[PDB]
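Q: Let the hints inform the model, and build the full structure from the sequences given.
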Amino acid sequence: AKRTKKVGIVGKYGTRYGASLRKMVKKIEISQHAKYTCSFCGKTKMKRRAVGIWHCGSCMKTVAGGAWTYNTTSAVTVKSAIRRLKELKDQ
Amino acid sequence: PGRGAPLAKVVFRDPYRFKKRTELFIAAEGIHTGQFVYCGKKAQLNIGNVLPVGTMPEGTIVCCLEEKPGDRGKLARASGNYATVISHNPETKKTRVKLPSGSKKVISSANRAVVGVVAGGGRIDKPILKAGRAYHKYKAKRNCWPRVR
Amino acid sequence: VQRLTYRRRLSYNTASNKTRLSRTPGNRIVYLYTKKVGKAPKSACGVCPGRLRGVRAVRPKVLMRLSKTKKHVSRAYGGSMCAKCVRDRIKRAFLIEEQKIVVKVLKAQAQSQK
Amino acid sequence: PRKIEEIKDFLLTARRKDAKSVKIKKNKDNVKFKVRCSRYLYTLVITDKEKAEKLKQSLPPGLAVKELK
Amino acid sequence: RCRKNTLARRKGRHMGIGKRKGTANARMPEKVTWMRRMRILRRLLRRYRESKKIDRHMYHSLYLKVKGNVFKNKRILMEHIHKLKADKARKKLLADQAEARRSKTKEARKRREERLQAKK
RNA sequence: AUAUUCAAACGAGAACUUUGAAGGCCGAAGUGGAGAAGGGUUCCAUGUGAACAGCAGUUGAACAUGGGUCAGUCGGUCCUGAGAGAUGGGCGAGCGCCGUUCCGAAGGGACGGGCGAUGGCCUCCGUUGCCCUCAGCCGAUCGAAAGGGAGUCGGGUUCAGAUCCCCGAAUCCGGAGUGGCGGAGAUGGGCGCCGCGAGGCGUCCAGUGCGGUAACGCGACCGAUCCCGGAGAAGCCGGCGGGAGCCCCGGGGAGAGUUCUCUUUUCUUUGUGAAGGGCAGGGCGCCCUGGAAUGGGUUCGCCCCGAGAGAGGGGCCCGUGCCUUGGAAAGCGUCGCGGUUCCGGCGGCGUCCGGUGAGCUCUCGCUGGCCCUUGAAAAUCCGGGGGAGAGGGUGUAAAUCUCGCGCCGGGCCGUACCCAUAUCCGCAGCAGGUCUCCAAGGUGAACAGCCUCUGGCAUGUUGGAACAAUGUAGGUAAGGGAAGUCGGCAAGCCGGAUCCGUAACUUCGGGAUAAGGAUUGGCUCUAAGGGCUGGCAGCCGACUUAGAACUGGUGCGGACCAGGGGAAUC
Ligand SMILES: [Mg+2]
Ligand SMILES: [Mg+2]
Ligand SMILES: [Mg+2]
Ligand SMILES: [Mg+2]
Ligand SMILES: [Mg+2]
Ligand SMILES: [Mg+2]
Ligand SMILES: [Mg+2]
Ligand SMILES: [Mg+2]
Ligand SMILES: [Mg+2]
Ligand SMILES: [Mg+2]
Ligand SMILES: [Mg+2]
Ligand SMILES: [Mg+2]
Ligand SMILES: [Mg+2]
Ligand SMILES: [Mg+2]
Ligand SMILES: [Mg+2]
Ligand SMILES: [Mg+2]
Ligand SMILES: [Mg+2]
Ligand SMILES: [Mg+2]
Ligand SMILES: [Mg+2]
Ligand SMILES: [Mg+2]
Ligand SMILES: [Mg+2]
Ligand SMILES: [Mg+2]
Ligand SMILES: [Mg+2]
Ligand SMILES: [Mg+2]
Ligand SMILES: [Mg+2]
Ligand SMILES: [Mg+2]
Ligand SMILES: [Mg+2]
Ligand SMILES: [Zn+2]
Ligand SMILES: [Zn+2]
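Protein chains in written order, with the authors' numbering: chain p, 2 to 92; chain A, 52 to 200; chain g, 2 to 115; chain k, 2 to 70; chain R, 62 to 181.
Hints may contain errors.
[Unchecked claim] Not the full set, but computed from the structure, chain p residues with beta-carbon under 8 angstroms of chain A:
1) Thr5
2) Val26
3) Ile29
4) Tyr37
5) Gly66
6) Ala76
7) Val79
8) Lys80
9) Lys90
[As the list claims (entries may be wrong)] Computed, partial: chain A to chain p, Cβ under 7 angstroms:
10) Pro57
11) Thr84
12) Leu96
13) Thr111
14) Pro178
Since the hints were made in silico from the structure, they are not lab data. No residue lacks a Cβ here, since even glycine has one placed at the ideal position from N, Cα and C.
A: Quick look at the structure:
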């Protein structure tokens, strides 16, 4: 049964810290406690160890990513830009 | 402890004697254990590698920039920060870079710099909700937290 | 019941002050100071999380008393690296050498052609 | 201590120079020959009194033997 | 005195509403109750599966149902298993006779065709 | 901070000493048994009763005589941590200070070869001075009796000491010319002969170990500088599982208590060390076959799988549990003899069989969750990669060995007692303060309160006789019910659990035990909730829930424990 209407993961925070703050931290909590897919083995076992450190439970392979997500849009756009610049330099 | 960005432990082999030299880097985004990273003047330009700013094309995103040659990295080394190569001056051997604070600085093109952006971006996004979290944050840094007006 | 006391001048429940109850032939319950549990060696590959097999799990200074047969296993890198990573290392070495030969012969053929 | 499960090896241990004495404990269903050497105590246990007596006559002559109870 | 009072309590006396100070969960935890029930039911399911009363597909289905809490007791689960087996047996018997009829008429038509081809 | 009484003994003298009996308290988070810091002889025996112990004392932590602390295996000793601190250097009128790798020529070591001298049957080796060759330390040194750190347990023994003395079982480290011995290396094959043959004779060749497809195993099983790795080496919390100690249940013994009546009754007791060997029991992210959707396996939860699930067959780690050597000789309980004695004296008999549990404590293991928190270093030990080298020419084998047994040694310092309403600090025998270890029965959710067993004590620096006022700490009061007071201050009401019921407002989480109702005792039953063996039969059980009848002067969370509530403002 649906236990709560609005509050989800931040239901553990009770009636404290303010509605806006709890709403803002809810998405980050979900993203950082979600399990991702290992782009090396394909199993959905990519967990967060600490801030910026992501580890796969099966490969035992660790990847340096983002604080609250596995990868950041800044990182992916920098990777694309770097690839394009390499291609430009080598023509 | 005390630093938001993670660190990478990279193993090289001494070119002058039978040994293996272990070094600790500032981890850039997308680097994984077991990856190969190449350091030098003629290492290809891709995420992770370190090479002098005088050889990368302008518009390159750079982390752990080296402020003076030989200094071994001083600039743009906090979580989520980076620097950008702006323009080259082939004579006088200088290049212009944009620091994460927005200032534009001129450096010698003979100094190394990691390619990419420091891992652990968006750490400031999550609000510390309680004095407990703030206390645990500053306990690993220094005695400065409970500021009295 | 017969509630009992320490037998040394250390009275704090620290890591070294660990005991277990035993019944003596004199029909008394005493403490008996246990030794710390040892750990088997980790594989030198650095990826496998398991401990090695065939090696006794004892404290580091106990290994002086033990014999080499009980300390290691009969294989290359025996008692220092798991068999999985040993065979992976063998295959990797052979395949890298084979591709090095291929690259050398192709490079020499291109040089001869030019 | 150690347990000796055979006769002739126990006899060799008895002929060993370091053997200081032998003791014979004659309990029920067992007869125990305990040879005191430099490091270990060697006990041979048998379940036949006639083996016990023949072994007692076949014990070394210069060994200090004492029966106890 | 303690033993006599314990015997009376085992018979059930002295244990009414008045002589209760802790909550029902404090007296007999629901987690322990659920644990015991799940162990009992899963053990029964395994014994049936290796006794070949039920097939693995039905075993998995009603294993998930047990976890989903539809069978309160060992007896209730057992009667559900009996009813399921009865319905399955009836459906299997009907299917067998239907396919026997189909195969019979198929081979009879094939026989007509082959004897026609032999006649020509 | 609940509490004393009777009799006897010693003694000149007894409310207080001692012994016996009775009544009580602490109540296993103790008024119990042991330590750390601190004290320093307060510990033990005898003697005294001048002084002290706020009465007294035949008593003492007082006074005087004498005694008492035994270690390779308890700890310091060693390592480094936060940190402290020399040399170089810099500064400073100067005593000196900064500084801890920074402006230093910071190594006094060695695999090995040669040179020259020496002793031992100058064999071969050892002690040697030089040359050749090889070689990084994060910086001397200090820094933990709770961190890291190999190795001792059982019984007995005093008046006061016991992992220290005695007896018996072990164990770690270090040493060894001739290696003390055994075993391993390692003793085979080919060929040519004699010999009926077995075997022997004589030449050539190999021999730094073997088994299993595999995980891996076997008693060893050569090897330097160098390099790689491991252990040491680690957070907090939750769930579950195994194993021990304790508690509980059914019997069988031995000894006690009750026996006006009953009770095959109630109570006490009913061992096996370390260190080896084997086996149950746990765990495996270890191996082989094989290839899975109609997906399967599986946990309390999770989770796992073509990067190989289910199904079989194997390997490894722990093993504190059982048996066994230790071991019944010892210990303990009972009955009975000797020494009148001075007794590790002697004797019999026994030390048995089972079942259980969301039980409590300890420990091992699996698994998860939280971190913008990621939860020591070094001494020390070990394995692996490499092949510089060494060993013998077939024998009387050699170099060598982390295998079995054997021989020798382990120096220095602490070690008594108190540990706290009387050995510590507060001027004191001060209701204050001071870091920990173990923890029975009942009730009960419970380490709550209340009563009890083991252990301890004598009411807290005095006793006797009365029961005035005023006090301090407790209670109860008709009728009214805050009228008292600055003010419901103080006291009082409610209280547990089960079944119903629950508003305004709101950050939708709460409010909430909202508020408001009913029940609860004792006894006799009924139903439901499981394991083992071979939709059924038998056998074992352990605690809960719901319902019903009966019954008491309507009494039942009967003591203890135990929320007054609502409407508002700042
Ligand atoms: Mg502060
Ligand atoms: Mg035992
Ligand atoms: Mg081995
Ligand atoms: Mg009391
Ligand atoms: Mg004491
Ligand atoms: Mg005490
Ligand atoms: Mg005294
Ligand atoms: Mg006086
Ligand atoms: Mg000794
Ligand atoms: Mg030191
Ligand atoms: Mg100084
Ligand atoms: Mg220490
Ligand atoms: Mg210590
Ligand atoms: Mg499988
Ligand atoms: Mg006996
Ligand atoms: Mg080697
Ligand atoms: Mg003492
Ligand atoms: Mg006092
Ligand atoms: Mg009093
Ligand atoms: Mg008194
Ligand atoms: Mg009144
Ligand atoms: Mg009234
Ligand atoms: Mg008035
Ligand atoms: Mg008024
Ligand atoms: Mg009040
Ligand atoms: Mg309210
Ligand atoms: Mg207003
Ligand atoms: Zn992966
Ligand atoms: Zn591995």
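Q: All hints, please: hold or fail.
A: Going down the list of hints, with the structure as the test:
no., hint, in the structure
1, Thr5, "violated, 19 angstroms"
2, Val26, "holds, 6 angstroms"
3, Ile29, "holds, 5 angstroms"
4, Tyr37, "violated, 13 angstroms"
5, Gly66, "holds, 6 angstroms"
6, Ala76, "holds, 4 angstroms"
7, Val79, "holds, 5 angstroms"
8, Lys80, "holds, 6 angstroms"
9, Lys90, "holds, 5 angstroms"
10, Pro57, "holds, 5 angstroms"
11, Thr84, "holds, 5 angstroms"
12, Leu96, "holds, 5 angstroms"
13, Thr111, "holds, 6 angstroms"
14, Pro178, "holds, 6 angstroms"
Going down the numbered hints, you'll see the structure goes against 1, 4, while the others check out.
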